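As structure tokens, one chain now follows by itself in the form deposited in one PDB entry.
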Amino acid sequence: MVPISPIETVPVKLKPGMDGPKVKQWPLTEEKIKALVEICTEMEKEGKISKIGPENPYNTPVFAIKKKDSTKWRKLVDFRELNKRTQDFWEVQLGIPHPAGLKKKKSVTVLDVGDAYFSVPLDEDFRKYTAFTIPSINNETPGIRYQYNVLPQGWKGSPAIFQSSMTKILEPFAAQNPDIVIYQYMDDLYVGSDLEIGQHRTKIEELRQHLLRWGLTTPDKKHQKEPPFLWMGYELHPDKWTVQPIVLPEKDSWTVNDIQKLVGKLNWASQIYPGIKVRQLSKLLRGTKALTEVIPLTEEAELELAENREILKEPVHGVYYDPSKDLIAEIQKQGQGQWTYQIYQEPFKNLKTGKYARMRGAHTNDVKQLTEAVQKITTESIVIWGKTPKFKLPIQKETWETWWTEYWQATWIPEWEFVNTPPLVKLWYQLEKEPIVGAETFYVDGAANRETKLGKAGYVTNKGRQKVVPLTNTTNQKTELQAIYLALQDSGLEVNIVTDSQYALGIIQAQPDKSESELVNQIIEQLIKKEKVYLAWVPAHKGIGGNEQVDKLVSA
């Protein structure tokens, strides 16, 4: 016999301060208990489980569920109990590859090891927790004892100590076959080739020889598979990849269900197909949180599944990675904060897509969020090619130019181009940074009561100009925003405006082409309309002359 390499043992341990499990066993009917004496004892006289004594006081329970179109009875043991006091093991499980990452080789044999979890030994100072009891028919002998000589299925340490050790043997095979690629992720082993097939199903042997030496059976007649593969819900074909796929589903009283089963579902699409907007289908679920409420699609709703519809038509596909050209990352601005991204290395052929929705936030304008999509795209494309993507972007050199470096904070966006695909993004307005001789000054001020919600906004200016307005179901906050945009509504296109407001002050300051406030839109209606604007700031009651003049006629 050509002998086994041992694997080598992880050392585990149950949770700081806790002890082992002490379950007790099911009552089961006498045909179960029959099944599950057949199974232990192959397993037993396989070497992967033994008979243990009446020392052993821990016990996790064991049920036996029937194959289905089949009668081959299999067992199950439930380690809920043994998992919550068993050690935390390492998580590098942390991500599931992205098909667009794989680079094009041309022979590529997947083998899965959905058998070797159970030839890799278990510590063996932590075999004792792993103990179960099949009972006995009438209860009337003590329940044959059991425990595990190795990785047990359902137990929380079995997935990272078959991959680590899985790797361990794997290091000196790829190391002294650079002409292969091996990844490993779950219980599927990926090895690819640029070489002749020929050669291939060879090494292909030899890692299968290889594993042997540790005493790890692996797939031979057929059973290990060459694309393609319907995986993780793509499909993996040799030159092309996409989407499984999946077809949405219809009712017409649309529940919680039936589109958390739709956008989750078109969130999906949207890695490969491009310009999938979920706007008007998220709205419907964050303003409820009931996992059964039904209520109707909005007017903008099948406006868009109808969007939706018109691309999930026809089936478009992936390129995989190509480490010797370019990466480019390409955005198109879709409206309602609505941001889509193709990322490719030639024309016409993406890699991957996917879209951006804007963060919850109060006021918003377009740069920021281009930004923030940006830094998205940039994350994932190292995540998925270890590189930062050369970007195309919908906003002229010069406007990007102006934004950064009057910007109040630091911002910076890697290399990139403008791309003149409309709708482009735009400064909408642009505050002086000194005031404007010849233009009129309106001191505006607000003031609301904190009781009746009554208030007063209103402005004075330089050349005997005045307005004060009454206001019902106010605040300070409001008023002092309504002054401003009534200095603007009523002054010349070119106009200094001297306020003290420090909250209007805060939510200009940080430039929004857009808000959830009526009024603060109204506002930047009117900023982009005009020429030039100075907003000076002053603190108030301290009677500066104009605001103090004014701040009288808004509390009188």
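Residue numbers count along the first chain shown, from 1. Definition used throughout: the rigid core is the maximal C-alpha set that superposes within 1.5 Å between two forms. Compared with the form deposited in another entry:
- Of the residues 257, 411, 449, 184, just one CA atom moves 2 angstroms or more between these two forms under rigid-core superposition; it belongs to 184.
- After superposition on the rigid core, displacement of the C-alpha of residue 267 between these two forms stays below 2 Å.
- For residue 394, the Cα coordinates differ by under 2 angstroms between these two forms after the core has been superposed.
- When two forms of a protein are overlaid on their rigid core, residues whose CA moves 2 Å or more are considered shifted, and residue 218 is one of them between these two forms.
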Contents of the next structure:
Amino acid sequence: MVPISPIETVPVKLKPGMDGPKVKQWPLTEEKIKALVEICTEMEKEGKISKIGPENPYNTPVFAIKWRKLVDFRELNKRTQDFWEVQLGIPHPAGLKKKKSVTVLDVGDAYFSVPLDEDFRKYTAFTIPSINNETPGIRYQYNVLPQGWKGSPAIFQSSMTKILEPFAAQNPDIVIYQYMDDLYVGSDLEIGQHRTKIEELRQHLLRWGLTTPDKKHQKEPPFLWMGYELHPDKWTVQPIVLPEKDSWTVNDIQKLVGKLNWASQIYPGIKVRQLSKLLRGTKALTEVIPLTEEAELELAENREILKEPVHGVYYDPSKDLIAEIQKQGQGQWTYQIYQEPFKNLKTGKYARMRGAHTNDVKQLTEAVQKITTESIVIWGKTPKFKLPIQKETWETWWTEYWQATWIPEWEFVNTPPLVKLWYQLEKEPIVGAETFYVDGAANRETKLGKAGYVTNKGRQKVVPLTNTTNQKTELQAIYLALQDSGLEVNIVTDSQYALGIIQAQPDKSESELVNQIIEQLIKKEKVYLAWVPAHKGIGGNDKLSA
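Moving from the form deposited in one PDB entry, what structure would you give for the form deposited in another entry?
We keep it simple here and write out only the one chain, dropping partners and molecules.
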């Protein structure tokens, strides 16, 4: 016999303060018991399990399903420590490199060469009930990682990785990836050299006594993997089929958006705003919902985008990454990442964050940071950006914005709609322009208020208001001054609230009043807004609070 290297066992513990499972075995039919006895006899022969004495106090229930055996480790799993889970972050196909050959090796039997920590085995005990309950049940414990046990996937993967590391390291011309009970081995080598590498891998695995089926694997490119199709020189998502329907249900829409979101990583321009709007606030999965005319258009547009297959290419590390962004409207943004024109590695989208006020430049900036971070993950570097914003526009924005902000290396691409600044406040008071002193106030109980202004030219206005608040009346006062002034105007307010909003430079708002103010600002040539503290005897600036 040829000595083989043992697989290092991983030491396993229960969670602090917790003991092992003591769960009652369910009764079973005479038929099920006989089935389990034979199954376990074979497993015992294979060395997977061992009979134990009556001293062990732990138990986990076992079932027979139409026979096959099912050990229900739910209780033990609750009591087992947390492990490092390596698979949490999965590779994105757009980050993969193209390969001439990809071979699949079945390593399903290797899984049972992984021994379970000796000290933990006692916690895996289970009992086959005896026929008619006239004798003690047959007791067994696992010697190998049990299917369904919490630690098995992490320990299996770590054990396989440890075995594969030296092979990968000494053979850098190949890539190795594990998924389920299979190894995928890719390379760009001449087919003879590549097949030689596979046989060498098989010889390497043999050192741990791990055997692989001589008969070739049935799985071959293209591979169906994690919702993708992988081909030797391209990738895509598995077929996206949007159903035909006369009526849509909460659940239907959730499933629709999910497919569209999934599709959006390679199909350019997918939109989900109007469809997602239908899900606002309510989560009754059976509630039918009528589609808005806007939602019907969005869906129609998406069907057209999805009418035929689109594929992405793989990553070429010897070339730059380029990211291009377009504004789609209603807070929606779409992008493409490519190295060569017309050959996307992937696509995607970004949506405006929930909030009171916003502007296009802020949104563009956010989309850029999202794409940057995604690109670090997938390719380990930032892409060169192509953005629908003029260089001069960006400079004006960031130099004058009250926050620190940054966008990495980028160039203007002239494809409408362009992102622009819609208004710019003066830094100094305007000579020759009328000065409007504005104010508003409301009564908290009756919600009645007033808004108005007085100017250096003697112009005055007070408007009585209903169903209002101090903050709304302060904005209304500014609105009135904008409405009633010429193209250049100085405005004096005591509203810290109003100052906080405009200094955020919104171009769109959830407040129609703010939107009205923005529309007015856009029409002005020059606007200087000055703040003063309230109730300090300042001229012009309140009594008219009556």
